[PDB]
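Listed next as C-alpha coordinates is one chain, alone, in the form deposited without its partner chain.
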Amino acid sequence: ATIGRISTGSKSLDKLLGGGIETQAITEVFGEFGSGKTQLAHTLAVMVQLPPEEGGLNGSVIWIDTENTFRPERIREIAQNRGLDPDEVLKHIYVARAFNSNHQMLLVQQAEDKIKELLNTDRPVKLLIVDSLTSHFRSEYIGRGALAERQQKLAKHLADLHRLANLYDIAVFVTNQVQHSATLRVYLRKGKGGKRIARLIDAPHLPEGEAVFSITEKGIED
(Lines of atoms letter the chains of each structure in order from A and count residues from 1; the text may use other names and numbers.)
(Lines give C-alpha, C1' and ligand atoms only; values in the text may rest on other atoms or scores of the structure.)
Protein backbone atom coordinates (compact mmCIF):
# COMPACT_ATOMS: atom_id res chain seq x y z
CA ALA A 1 0.00 0.00 0.00
CA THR A 2 2.47 2.77 0.97
CA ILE A 3 4.65 3.84 -1.93
CA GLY A 4 8.39 3.13 -2.14
CA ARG A 5 10.95 5.43 -3.73
CA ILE A 6 14.17 4.42 -5.51
CA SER A 7 16.95 6.98 -5.53
CA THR A 8 18.41 7.67 -8.94
CA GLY A 9 21.93 8.47 -7.64
CA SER A 10 21.36 12.19 -8.27
CA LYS A 11 20.09 14.43 -5.51
CA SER A 12 18.90 16.88 -8.08
CA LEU A 13 16.89 14.30 -10.02
CA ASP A 14 15.57 12.75 -6.79
CA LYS A 15 14.23 16.09 -5.62
CA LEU A 16 12.53 16.67 -8.91
CA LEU A 17 11.03 13.16 -8.57
CA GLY A 18 9.80 13.70 -5.02
CA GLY A 19 12.51 11.48 -3.54
CA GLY A 20 12.97 8.96 -6.35
CA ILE A 21 11.09 6.82 -8.76
CA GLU A 22 7.85 5.42 -7.31
CA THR A 23 6.57 1.90 -6.82
CA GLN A 24 3.02 1.45 -8.03
CA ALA A 25 3.86 3.62 -10.98
CA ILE A 26 5.26 3.55 -14.44
CA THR A 27 7.94 6.16 -14.86
CA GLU A 28 8.81 6.92 -18.50
CA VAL A 29 12.06 8.53 -19.45
CA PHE A 30 12.11 9.96 -22.93
CA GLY A 31 14.66 11.72 -24.96
CA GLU A 32 16.99 11.64 -27.91
CA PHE A 33 19.58 8.96 -28.65
CA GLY A 34 22.52 9.47 -26.30
CA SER A 35 20.54 11.47 -23.76
CA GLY A 36 21.17 8.88 -21.00
CA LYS A 37 18.04 6.76 -20.74
CA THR A 38 19.93 3.46 -20.57
CA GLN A 39 22.52 4.86 -18.15
CA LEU A 40 19.75 5.92 -15.75
CA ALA A 41 18.25 2.45 -16.11
CA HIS A 42 21.68 0.89 -15.22
CA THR A 43 22.03 3.11 -12.16
CA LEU A 44 18.53 2.36 -10.93
CA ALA A 45 19.15 -1.40 -11.26
CA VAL A 46 21.92 -0.89 -8.71
CA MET A 47 20.31 1.76 -6.50
CA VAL A 48 17.20 -0.39 -5.90
CA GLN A 49 19.35 -3.03 -4.19
CA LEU A 50 20.47 -0.61 -1.53
CA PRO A 51 18.75 -0.62 1.85
CA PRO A 52 16.08 2.05 2.37
CA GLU A 53 18.22 4.40 4.48
CA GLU A 54 20.52 4.50 1.42
CA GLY A 55 17.68 5.19 -1.03
CA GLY A 56 16.91 1.64 -2.15
CA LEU A 57 14.31 -1.01 -1.44
CA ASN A 58 16.47 -4.17 -0.93
CA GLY A 59 15.00 -5.23 -4.27
CA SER A 60 15.63 -7.49 -7.13
CA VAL A 61 15.42 -6.28 -10.75
CA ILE A 62 13.72 -7.61 -13.90
CA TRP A 63 15.08 -6.03 -17.13
CA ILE A 64 13.53 -6.46 -20.54
CA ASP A 65 16.15 -5.38 -23.08
CA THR A 66 15.08 -4.62 -26.61
CA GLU A 67 18.24 -3.17 -28.16
CA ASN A 68 20.92 -5.25 -26.53
CA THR A 69 22.28 -2.28 -24.56
CA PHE A 70 22.43 -3.93 -21.13
CA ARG A 71 26.08 -4.07 -19.97
CA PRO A 72 26.83 -6.27 -17.00
CA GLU A 73 30.29 -4.65 -16.57
CA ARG A 74 28.60 -1.24 -16.30
CA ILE A 75 26.45 -2.67 -13.48
CA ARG A 76 29.59 -4.08 -11.78
CA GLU A 77 31.28 -0.69 -12.12
CA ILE A 78 28.40 1.27 -10.63
CA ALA A 79 27.92 -1.21 -7.80
CA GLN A 80 31.67 -1.28 -6.91
CA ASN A 81 31.87 2.48 -6.86
CA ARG A 82 28.93 2.74 -4.51
CA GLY A 83 30.29 0.17 -2.07
CA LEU A 84 28.28 -2.87 -3.18
CA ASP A 85 29.61 -6.25 -4.15
CA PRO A 86 29.31 -6.22 -7.91
CA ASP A 87 28.77 -9.96 -8.34
CA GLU A 88 25.97 -10.01 -5.85
CA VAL A 89 24.31 -6.99 -7.52
CA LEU A 90 24.40 -8.76 -10.85
CA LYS A 91 22.84 -11.95 -9.47
CA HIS A 92 19.73 -9.99 -8.44
CA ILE A 93 19.15 -8.60 -11.95
CA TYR A 94 17.14 -10.90 -14.27
CA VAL A 95 17.68 -9.75 -17.83
CA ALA A 96 15.69 -11.09 -20.78
CA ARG A 97 16.17 -9.97 -24.37
CA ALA A 98 12.98 -9.21 -26.28
CA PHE A 99 13.28 -10.43 -29.88
CA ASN A 100 10.21 -8.46 -31.12
CA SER A 101 7.10 -6.74 -29.63
CA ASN A 102 5.06 -9.91 -29.19
CA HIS A 103 7.85 -11.66 -27.36
CA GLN A 104 8.30 -8.41 -25.32
CA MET A 105 4.60 -8.79 -24.31
CA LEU A 106 5.06 -12.40 -23.34
CA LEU A 107 8.15 -11.52 -21.25
CA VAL A 108 5.88 -9.28 -19.04
CA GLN A 109 3.79 -12.38 -18.26
CA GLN A 110 6.85 -14.34 -17.42
CA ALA A 111 8.02 -11.47 -15.23
CA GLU A 112 4.96 -12.15 -13.01
CA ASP A 113 6.19 -15.70 -12.32
CA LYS A 114 9.59 -14.40 -11.18
CA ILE A 115 7.86 -11.65 -9.15
CA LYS A 116 5.61 -14.15 -7.36
CA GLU A 117 8.53 -16.35 -6.55
CA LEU A 118 10.47 -13.59 -4.84
CA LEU A 119 7.56 -11.67 -3.28
CA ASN A 120 7.73 -12.68 0.31
CA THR A 121 11.54 -13.29 0.28
CA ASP A 122 14.15 -10.75 1.47
CA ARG A 123 14.89 -9.57 -2.10
CA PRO A 124 11.52 -9.17 -3.74
CA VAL A 125 11.44 -7.66 -7.20
CA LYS A 126 11.14 -3.89 -6.73
CA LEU A 127 12.13 -2.63 -10.22
CA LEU A 128 10.99 -3.74 -13.70
CA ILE A 129 12.87 -2.02 -16.56
CA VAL A 130 11.79 -1.99 -20.18
CA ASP A 131 14.57 -0.48 -22.34
CA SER A 132 13.19 0.29 -24.88
CA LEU A 133 9.40 0.27 -24.36
CA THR A 134 8.71 1.30 -27.98
CA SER A 135 11.58 0.40 -30.30
CA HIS A 136 10.01 -2.88 -31.54
CA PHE A 137 6.60 -1.32 -31.78
CA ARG A 138 7.93 1.49 -33.95
CA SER A 139 9.75 -0.90 -36.13
CA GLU A 140 6.91 -3.48 -36.69
CA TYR A 141 3.81 -1.30 -37.04
CA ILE A 142 4.23 0.97 -39.93
CA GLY A 143 2.05 2.35 -42.66
CA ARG A 144 -1.64 3.03 -43.19
CA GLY A 145 -3.70 1.85 -40.24
CA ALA A 146 -0.68 1.01 -38.13
CA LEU A 147 -1.16 4.11 -35.82
CA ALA A 148 -4.33 2.72 -34.21
CA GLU A 149 -3.04 -0.83 -34.09
CA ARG A 150 0.34 0.11 -32.61
CA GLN A 151 -1.36 2.25 -29.95
CA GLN A 152 -3.79 -0.51 -29.06
CA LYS A 153 -1.01 -3.11 -28.54
CA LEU A 154 1.05 -0.63 -26.66
CA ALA A 155 -1.91 0.25 -24.36
CA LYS A 156 -2.43 -3.41 -23.61
CA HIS A 157 1.28 -3.83 -22.78
CA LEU A 158 1.22 -0.74 -20.60
CA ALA A 159 -1.92 -2.01 -18.85
CA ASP A 160 -0.02 -5.27 -18.10
CA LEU A 161 2.88 -3.22 -16.71
CA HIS A 162 0.59 -1.05 -14.53
CA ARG A 163 -0.99 -4.18 -13.06
CA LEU A 164 2.37 -5.56 -12.01
CA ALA A 165 3.41 -2.22 -10.55
CA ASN A 166 0.20 -1.94 -8.49
CA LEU A 167 -0.41 -5.58 -7.64
CA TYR A 168 3.12 -6.29 -6.47
CA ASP A 169 4.28 -2.84 -5.31
CA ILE A 170 6.95 -2.46 -7.93
CA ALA A 171 8.47 0.52 -9.75
CA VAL A 172 8.23 0.19 -13.48
CA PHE A 173 10.81 2.17 -15.48
CA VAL A 174 10.49 2.46 -19.19
CA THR A 175 12.43 4.25 -21.87
CA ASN A 176 11.25 5.87 -25.07
CA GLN A 177 13.32 7.44 -27.78
CA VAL A 178 12.04 10.71 -29.22
CA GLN A 179 13.67 12.26 -32.36
CA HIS A 180 0.30 6.31 -23.92
CA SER A 181 -0.46 6.19 -20.22
CA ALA A 182 2.80 6.40 -18.17
CA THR A 183 2.16 7.55 -14.57
CA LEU A 184 5.04 10.08 -14.84
CA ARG A 185 6.89 11.38 -17.89
CA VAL A 186 10.43 12.62 -17.60
CA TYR A 187 12.05 14.47 -20.50
CA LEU A 188 15.81 13.94 -20.65
CA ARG A 189 18.29 15.94 -22.76
CA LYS A 190 22.08 16.39 -23.05
CA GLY A 191 23.13 19.93 -22.09
CA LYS A 192 26.30 22.05 -22.01
CA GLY A 193 29.43 20.69 -20.34
CA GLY A 194 28.25 17.05 -20.63
CA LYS A 195 25.42 17.75 -18.14
CA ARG A 196 22.10 16.04 -18.46
CA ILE A 197 18.85 17.97 -17.79
CA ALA A 198 15.55 16.50 -16.67
CA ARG A 199 12.10 18.04 -16.76
CA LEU A 200 8.77 16.64 -15.72
CA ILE A 201 5.98 16.79 -18.30
CA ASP A 202 2.47 17.65 -16.99
CA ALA A 203 3.20 16.79 -13.35
CA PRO A 204 1.54 19.37 -10.93
CA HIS A 205 2.25 17.35 -7.78
CA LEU A 206 6.06 17.66 -8.21
CA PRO A 207 8.50 20.66 -8.70
CA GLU A 208 8.41 22.51 -12.10
CA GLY A 209 12.10 23.31 -12.40
CA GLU A 210 14.71 21.05 -13.95
CA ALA A 211 17.21 18.72 -12.48
CA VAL A 212 20.80 18.66 -13.66
CA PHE A 213 23.19 15.72 -13.31
CA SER A 214 26.21 13.94 -14.80
CA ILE A 215 26.91 10.37 -15.90
CA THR A 216 29.88 9.03 -14.01
CA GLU A 217 31.67 5.99 -12.76
CA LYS A 218 28.88 5.88 -10.13
CA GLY A 219 26.16 5.81 -12.81
CA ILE A 220 24.33 9.08 -12.53
CA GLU A 221 25.01 11.64 -9.84
CA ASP A 222 24.86 15.38 -9.45
The other form holds:
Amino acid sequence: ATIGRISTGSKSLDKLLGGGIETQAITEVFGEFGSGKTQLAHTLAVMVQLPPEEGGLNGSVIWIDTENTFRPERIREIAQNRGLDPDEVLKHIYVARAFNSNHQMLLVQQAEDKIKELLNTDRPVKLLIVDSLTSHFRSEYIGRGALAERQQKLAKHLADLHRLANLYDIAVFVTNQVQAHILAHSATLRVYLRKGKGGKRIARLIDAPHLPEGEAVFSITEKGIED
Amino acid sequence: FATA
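Switching conditions: you have the form deposited without its partner chain, so give me the form deposited with its partner chain bound.
Every chain and every other molecule in the complex is listed next, the one we just looked at coming first.
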Protein backbone atom coordinates (compact mmCIF):
# COMPACT_ATOMS: atom_id res chain seq x y z
CA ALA A 1 0.00 0.00 0.00
CA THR A 2 1.21 3.50 -0.84
CA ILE A 3 1.84 5.57 2.26
CA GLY A 4 -0.30 8.51 3.34
CA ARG A 5 0.64 11.79 5.04
CA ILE A 6 -1.21 13.69 7.80
CA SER A 7 -0.69 17.44 7.97
CA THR A 8 0.19 18.78 11.40
CA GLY A 9 -1.51 22.13 10.77
CA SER A 10 1.83 23.97 10.58
CA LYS A 11 3.27 24.49 7.10
CA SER A 12 6.70 24.80 8.71
CA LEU A 13 6.48 21.51 10.57
CA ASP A 14 4.89 19.87 7.51
CA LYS A 15 7.87 20.90 5.37
CA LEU A 16 10.29 19.51 7.96
CA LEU A 17 8.32 16.23 7.77
CA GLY A 18 8.04 16.09 3.97
CA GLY A 19 4.32 16.85 4.02
CA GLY A 20 3.25 15.55 7.41
CA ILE A 21 3.55 12.40 9.50
CA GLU A 22 3.61 9.19 7.50
CA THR A 23 1.47 6.11 7.63
CA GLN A 24 3.37 2.82 7.84
CA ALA A 25 5.75 4.56 10.25
CA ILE A 26 6.22 5.39 13.92
CA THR A 27 6.94 9.07 14.51
CA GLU A 28 8.29 9.79 17.99
CA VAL A 29 8.24 13.32 19.37
CA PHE A 30 10.47 13.80 22.39
CA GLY A 31 11.32 16.72 24.62
CA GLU A 32 10.93 18.20 28.06
CA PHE A 33 7.69 18.53 29.96
CA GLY A 34 5.66 21.34 28.44
CA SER A 35 7.28 21.25 25.01
CA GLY A 36 3.95 20.63 23.25
CA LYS A 37 4.07 16.91 22.46
CA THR A 38 0.49 16.33 23.62
CA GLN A 39 -0.70 19.48 21.80
CA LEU A 40 0.66 17.97 18.59
CA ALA A 41 -1.13 14.68 19.35
CA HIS A 42 -4.47 16.48 19.89
CA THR A 43 -3.98 18.46 16.67
CA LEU A 44 -3.17 15.34 14.60
CA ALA A 45 -6.25 13.58 16.02
CA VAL A 46 -8.33 16.29 14.32
CA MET A 47 -6.26 16.81 11.17
CA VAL A 48 -6.37 13.12 10.24
CA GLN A 49 -10.16 13.34 10.02
CA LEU A 50 -10.02 15.94 7.23
CA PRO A 51 -10.36 14.82 3.62
CA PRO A 52 -7.14 14.15 1.71
CA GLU A 53 -7.08 17.41 -0.25
CA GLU A 54 -7.10 19.24 3.11
CA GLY A 55 -4.21 17.20 4.54
CA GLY A 56 -6.10 14.44 6.33
CA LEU A 57 -6.87 10.84 5.49
CA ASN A 58 -10.61 10.73 6.32
CA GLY A 59 -9.48 8.63 9.24
CA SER A 60 -10.36 7.48 12.72
CA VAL A 61 -8.02 7.62 15.71
CA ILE A 62 -6.95 5.15 18.38
CA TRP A 63 -5.48 6.83 21.45
CA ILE A 64 -3.63 5.03 24.27
CA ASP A 65 -3.46 7.56 27.12
CA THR A 66 -0.97 6.66 29.86
CA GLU A 67 -0.95 9.95 31.84
CA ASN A 68 -4.67 10.90 31.81
CA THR A 69 -3.77 13.75 29.43
CA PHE A 70 -6.37 13.26 26.69
CA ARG A 71 -8.65 16.32 26.76
CA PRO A 72 -11.91 16.11 24.78
CA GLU A 73 -12.39 19.86 25.32
CA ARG A 74 -9.15 20.52 23.46
CA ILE A 75 -10.35 18.33 20.57
CA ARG A 76 -13.58 20.32 20.59
CA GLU A 77 -11.75 23.64 20.40
CA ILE A 78 -9.44 22.56 17.59
CA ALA A 79 -12.31 21.04 15.59
CA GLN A 80 -14.62 24.05 15.92
CA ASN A 81 -11.86 26.47 14.91
CA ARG A 82 -11.13 24.38 11.80
CA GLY A 83 -14.73 24.32 10.56
CA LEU A 84 -15.56 20.85 11.89
CA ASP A 85 -18.30 19.56 14.14
CA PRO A 86 -16.72 18.86 17.55
CA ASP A 87 -19.05 16.00 18.49
CA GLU A 88 -18.50 14.21 15.16
CA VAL A 89 -14.72 14.62 15.48
CA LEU A 90 -14.85 13.18 19.01
CA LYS A 91 -16.94 10.24 17.75
CA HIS A 92 -14.02 8.98 15.63
CA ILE A 93 -11.43 9.09 18.45
CA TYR A 94 -11.35 5.85 20.48
CA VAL A 95 -9.46 6.31 23.75
CA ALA A 96 -8.23 3.86 26.38
CA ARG A 97 -6.27 4.62 29.52
CA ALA A 98 -3.31 2.33 30.15
CA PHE A 99 -3.04 1.39 33.84
CA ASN A 100 0.59 0.17 33.60
CA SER A 101 3.05 -0.96 30.92
CA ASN A 102 1.70 -4.51 30.72
CA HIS A 103 -1.82 -3.16 30.17
CA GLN A 104 -0.39 -0.70 27.65
CA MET A 105 1.04 -3.67 25.74
CA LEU A 106 -2.25 -5.58 25.82
CA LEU A 107 -4.07 -2.47 24.58
CA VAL A 108 -2.07 -2.69 21.34
CA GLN A 109 -3.66 -6.09 20.76
CA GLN A 110 -7.09 -4.67 21.59
CA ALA A 111 -6.35 -1.85 19.14
CA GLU A 112 -6.01 -4.38 16.33
CA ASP A 113 -9.61 -5.49 16.90
CA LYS A 114 -10.86 -1.89 16.57
CA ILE A 115 -8.69 -1.39 13.47
CA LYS A 116 -10.19 -4.48 11.84
CA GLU A 117 -13.71 -3.34 12.80
CA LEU A 118 -13.25 0.02 11.06
CA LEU A 119 -11.09 -1.10 8.14
CA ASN A 120 -13.99 -1.17 5.62
CA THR A 121 -15.85 1.85 6.93
CA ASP A 122 -15.49 5.27 5.34
CA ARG A 123 -13.25 6.27 8.28
CA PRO A 124 -10.69 3.49 8.82
CA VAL A 125 -8.14 4.02 11.56
CA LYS A 126 -5.35 6.19 10.16
CA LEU A 127 -3.73 7.45 13.38
CA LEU A 128 -2.69 5.57 16.52
CA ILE A 129 -1.37 7.70 19.39
CA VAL A 130 0.57 6.42 22.40
CA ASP A 131 0.97 9.32 24.87
CA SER A 132 3.18 8.68 26.83
CA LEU A 133 5.01 5.80 25.20
CA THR A 134 7.65 5.61 27.92
CA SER A 135 6.19 6.92 31.19
CA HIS A 136 5.07 3.53 32.58
CA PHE A 137 8.26 1.82 31.42
CA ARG A 138 10.29 4.52 33.20
CA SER A 139 8.47 4.10 36.49
CA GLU A 140 8.36 0.27 36.46
CA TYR A 141 11.77 -0.74 35.07
CA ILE A 142 14.25 1.10 37.23
CA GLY A 143 17.54 0.34 38.94
CA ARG A 144 20.34 -2.12 38.26
CA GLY A 145 19.43 -4.43 35.37
CA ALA A 146 16.55 -2.24 34.23
CA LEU A 147 18.27 -0.61 31.28
CA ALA A 148 18.49 -3.89 29.35
CA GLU A 149 15.09 -5.18 30.46
CA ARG A 150 13.28 -1.91 29.81
CA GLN A 151 14.86 -1.54 26.39
CA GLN A 152 13.87 -5.08 25.43
CA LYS A 153 10.25 -4.58 26.53
CA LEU A 154 10.01 -1.19 24.85
CA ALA A 155 11.49 -2.56 21.62
CA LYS A 156 8.91 -5.39 21.61
CA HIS A 157 6.10 -2.88 22.21
CA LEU A 158 7.41 -0.74 19.35
CA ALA A 159 7.64 -3.83 17.13
CA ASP A 160 3.95 -4.53 17.82
CA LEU A 161 3.17 -0.91 16.92
CA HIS A 162 5.27 -1.11 13.73
CA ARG A 163 3.25 -4.16 12.70
CA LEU A 164 -0.05 -2.27 13.10
CA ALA A 165 1.33 0.74 11.21
CA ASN A 166 2.58 -1.38 8.34
CA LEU A 167 -0.18 -4.00 8.13
CA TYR A 168 -3.14 -1.59 8.32
CA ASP A 169 -1.63 1.59 6.77
CA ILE A 170 -1.68 3.66 9.96
CA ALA A 171 0.47 6.56 11.18
CA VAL A 172 1.67 5.75 14.70
CA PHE A 173 2.54 8.84 16.76
CA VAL A 174 4.24 8.42 20.14
CA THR A 175 5.46 10.86 22.80
CA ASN A 176 8.49 10.57 25.08
CA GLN A 177 9.42 12.99 27.85
CA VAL A 178 13.12 13.54 28.19
CA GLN A 179 15.31 15.84 30.23
CA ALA A 180 18.50 17.76 29.64
CA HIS A 181 20.76 10.23 24.59
CA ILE A 182 22.73 7.01 24.97
CA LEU A 183 19.73 4.66 24.64
CA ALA A 184 18.69 2.90 21.44
CA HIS A 185 15.41 3.89 19.80
CA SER A 186 13.41 2.01 17.17
CA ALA A 187 10.87 4.61 16.02
CA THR A 188 10.97 5.35 12.29
CA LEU A 189 11.47 9.11 12.73
CA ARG A 190 12.41 11.07 15.85
CA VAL A 191 11.46 14.74 16.24
CA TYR A 192 12.97 16.81 19.06
CA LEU A 193 10.55 19.45 20.33
CA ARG A 194 11.40 22.37 22.60
CA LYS A 195 9.64 25.44 23.88
CA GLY A 196 10.64 28.94 22.83
CA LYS A 197 8.78 32.07 23.98
CA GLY A 198 5.11 32.01 24.98
CA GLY A 199 3.23 29.78 22.57
CA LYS A 200 6.24 29.20 20.23
CA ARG A 201 7.77 25.77 19.72
CA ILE A 202 10.76 24.54 17.71
CA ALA A 203 11.15 21.13 16.07
CA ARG A 204 14.22 19.39 14.69
CA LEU A 205 14.67 16.00 13.07
CA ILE A 206 17.14 13.78 14.92
CA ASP A 207 19.44 11.31 13.18
CA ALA A 208 17.72 11.79 9.80
CA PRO A 209 20.59 12.97 7.53
CA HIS A 210 18.56 12.31 4.35
CA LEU A 211 15.76 14.70 5.45
CA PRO A 212 15.60 18.48 6.09
CA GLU A 213 18.31 19.66 8.51
CA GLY A 214 16.66 22.94 9.47
CA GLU A 215 14.18 23.62 12.20
CA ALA A 216 10.44 24.18 12.07
CA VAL A 217 8.76 26.80 14.22
CA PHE A 218 5.10 26.88 15.16
CA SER A 219 2.64 28.19 17.72
CA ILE A 220 0.09 26.53 19.97
CA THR A 221 -3.25 28.17 19.13
CA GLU A 222 -7.01 27.59 19.20
CA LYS A 223 -6.51 25.72 15.89
CA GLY A 224 -4.12 23.27 17.60
CA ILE A 225 -0.85 24.29 16.02
CA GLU A 226 -0.19 26.77 13.23
CA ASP A 227 2.71 28.68 11.82
CA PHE B 1 -11.42 1.41 23.60
CA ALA B 2 -14.28 3.87 23.92
CA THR B 3 -15.49 6.63 21.64
CA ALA B 4 -14.74 10.12 22.88
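Only residues modelled in both forms are compared. Rigid core (definition): largest C-alpha set, two forms, superposition within 1.5 Å. Positions refer to the first chain, counted from 1.
Put the two forms on the same core and the Cα of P51 is off by less than 2 Å between these two forms.
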